[PDB]
Structures are given as structure tokens and as C-alpha cells.
Amino acid sequence: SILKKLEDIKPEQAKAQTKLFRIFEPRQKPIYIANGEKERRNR
Amino acid sequence: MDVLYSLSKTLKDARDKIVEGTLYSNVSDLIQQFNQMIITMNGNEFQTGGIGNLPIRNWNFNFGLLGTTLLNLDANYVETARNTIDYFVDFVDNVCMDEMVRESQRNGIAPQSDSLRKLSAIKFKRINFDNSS
Numbered sequence: 105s106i107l108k109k110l111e112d113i114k115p116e117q118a119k120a121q122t123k124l125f126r127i128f129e130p131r132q133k134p135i136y137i138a139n140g141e142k143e144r145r146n147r
Numbered sequence: 001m002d003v004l005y006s007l008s009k010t011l012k013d014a015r016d017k018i019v020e021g022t023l024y025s026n027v028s029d030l031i032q033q034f035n036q037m038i039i040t041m042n043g044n045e046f047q048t049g050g051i052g053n054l055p056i057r058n059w060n061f062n063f064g065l066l067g068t069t070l071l072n073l074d075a076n077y078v079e080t081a082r083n084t085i086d087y088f089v090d091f092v093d094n095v096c097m098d099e100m101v102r103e104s105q106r107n108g109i110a111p112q113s114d115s116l117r118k119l120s121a122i123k124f125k126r127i128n129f130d131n132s133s
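One line per chain: the protein sequences are E and U, in this order. Residue numbering for the first sequence follows the UniProt record's numbering, starting at 105 and increasing by one per position. Residue numbering for the second sequence follows the UniProt record's numbering, starting at 1 and increasing by one per position.
Derived DEER-like restraints, expressed as beta-carbon distance ranges:
{"id": "1", "chain 1": "E", "residue 1": "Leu124", "chain 2": "U", "residue 2": "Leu30", "range": "30 to 40 Å"}
{"id": "2", "chain 1": "E", "residue 1": "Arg144", "chain 2": "U", "residue 2": "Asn44", "range": "36 to 46 Å"}
{"id": "3", "chain 1": "U", "residue 1": "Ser132", "chain 2": "E", "residue 2": "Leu124", "range": "34 to 44 Å"}
{"id": "4", "chain 1": "E", "residue 1": "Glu129", "chain 2": "U", "residue 2": "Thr80", "range": "33 to 43 Å"}
{"id": "5", "chain 1": "E", "residue 1": "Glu116", "chain 2": "U", "residue 2": "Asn44", "range": "54 to 64 Å"}
{"id": "6", "chain 1": "U", "residue 1": "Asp74", "chain 2": "E", "residue 2": "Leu124", "range": "40 to 50 Å"}
{"id": "7", "chain 1": "U", "residue 1": "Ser132", "chain 2": "E", "residue 2": "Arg131", "range": "33 to 43 Å"}
{"id": "8", "chain 1": "U", "residue 1": "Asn128", "chain 2": "E", "residue 2": "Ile137", "range": "25 to 35 Å"}
{"id": "9", "chain 1": "E", "residue 1": "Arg131", "chain 2": "U", "residue 2": "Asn72", "range": "24 to 34 Å"}
{"id": "10", "chain 1": "E", "residue 1": "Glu143", "chain 2": "U", "residue 2": "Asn58", "range": "37 to 47 Å"}
{"id": "11", "chain 1": "E", "residue 1": "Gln132", "chain 2": "U", "residue 2": "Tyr5", "range": "33 to 43 Å"}
{"id": "12", "chain 1": "E", "residue 1": "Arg144", "chain 2": "U", "residue 2": "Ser120", "range": "46 to 56 Å"}
No lab work stands behind these hints, which were simulated from the structure alone. Where a beta carbon is used, it is the ideal one built from N, C-alpha and C, also for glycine.
With the sequences and hints as input, model every part of the structure.
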């Protein structure tokens, strides 16, 4: 009964990080001059 | 005290390095610091003079923000920058001349004029350009 429950414990798995943990990513956005017109070149 | 020096150094940098033709990448830090200084100093009232024969003057800080878009600086950019700079430097010089004309027999390390007294608050400690002098 409980023998299987207490004998079926395997060592805690060591995760293999497939990619770096990301919160921030680049995004291309338009800009305007101080007067308020398009600059025709995005940043 | 140190806040005043930071303002002075920033004002000198803005007065000097902002010239026609220079690459905008060379003053990106300077323009960001200048914009931060304008934001911090805007919307406050300061008074000067009142003792001896110093002309009492009143300053109100309502100003815009310099653009961060032009690839190469142009003439109107310089004229607006100098328009802000003249008022800022007049305020700095008047604050200094008001500070020089008041003394305290005890606790001389502390501000004496109203301007430096106001600038001692933690809110105005956002402008600490450098202390190279």
C-alpha cells in the first residue's frame, strides 16, 4: 500500500533552461518632433 | 549647496555644448539631464532680496520641455535653449548674491537665504550632475 507511495520518490528534477527568462523585448515605435509631425524614421 | 553647484554645472554645459551642427548623440545625456532639471524645477515659487538694498525679485517657473527628436540640432533649438538658459542663470546669480549677503553666528554650514533653505529639501535632490570642482 503505502510502500509504493514512499518508494516511488525520484530526486527532484533539475530544470534545463531552454531560453533566458525574458520580461523585456525590443519594439519599434514611431517618433515625433517637438512640433508634432512624423520623422519618417522609427526608433 | 551641492544642488546649486549641480545646477550651475548643468547650466554651463547647456550654455556651452549646445551649438549648431553637433551630433545629437553627443548631448543625449546632457539633454536628458536638462529635461529632468526643468521638470524638477517647474511649478515652484521662489523669492529673493529684502535685506539691505538688494532688489526684491519674484520668479515663477512655467516652462516647456526641449525636444529629443532632431537628428542634428538647428537654430531654433539653440534659441529656445538660450531663452531658458538666460532665466535659469539669472535666478542662479541672484540666489548666490542673496546668499552672500546674510550670515549666522552659529551653524554656518547650513543654508541662510530662503532659496538655499528650500533647495535643502529631499525633493530637489534629483539634480546631482557631478562634483568635479
